[PDB]
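Colleague: As a plain string of letters, each chain reads:
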Amino acid sequence: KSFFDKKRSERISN
Amino acid sequence: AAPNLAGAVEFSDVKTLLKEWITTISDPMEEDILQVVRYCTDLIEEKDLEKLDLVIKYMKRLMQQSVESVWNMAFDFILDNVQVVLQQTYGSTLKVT
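Protein chains in written order, with UniProt numbering: chain B, 564 to 577; chain H, 1153 to 1249.
Among the hints, erroneous ones may be present.
Unchecked claim - With a straight-line Cα cutoff of 27 angstroms, these simulated DSS-like cross-link-like pairs (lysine-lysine) come out:
no., chain 1, residue 1, chain 2, residue 2
1, B, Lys564, H, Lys1212
2, B, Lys569, H, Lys1209
3, B, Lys569, H, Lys1247
4, H, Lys1203, H, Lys1167
5, B, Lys570, H, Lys1247
These aren't lab readings, by the way, just hints derived from the structure by calculation.
Chain H with its partners taken away, still in its complex shape:
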């Protein structure tokens, strides 16, 4: 019941899985992208927002620089679920240009 991504609890290990999951894969699935939501959404309850802003901005530069535009939407999809559960906790959100 902890914020882990594909079995990765450490931030360095998380960002590493995303970087590759965004490079080795151009056509992500709803299930795969969902795994990211449960991870970020957990940071809110675990109070690990510190890594949140790090993972968000990290995956952003990737989903943005990615050749597939579909990645741009994936980012919003995760935020639509995370930013929601995060607001109900603190009320604030992340600043994404």
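Bound-form chain B, shown alone:
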């Protein structure tokens, strides 16, 4: 778990 993980995945995901 990590903010950078949930954030980096947000942009990558759609």
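Knowing the structure of chain B, use the given hints to seat chain H on it.
Modeller: Relative to chain B, chain H alone:
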């Protein structure tokens, strides 16, 4: 295999992620803080120190102005790993008062 932060390759995008990651979050984790190390450590091999001094000083004013003192330590934690890999490359380091 490039110096990217949370999917951010551009400097402007990097500093933006840190500024928020330091504001919206007061209790950072070792994993999150680690992501910063792999980013800075890459600048050494990629020869992008230009953005390094920019990100370091940028995150500094944030971790310092931050309400949580724990942030002050986080900065040193990243430097302890970056400054190390950076020295083995050039031998120099960053000047942080």
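Colleague: Could you check the structure against the hints above and give me the numbers of any it violates, in ascending order?
Modeller: 3, 5
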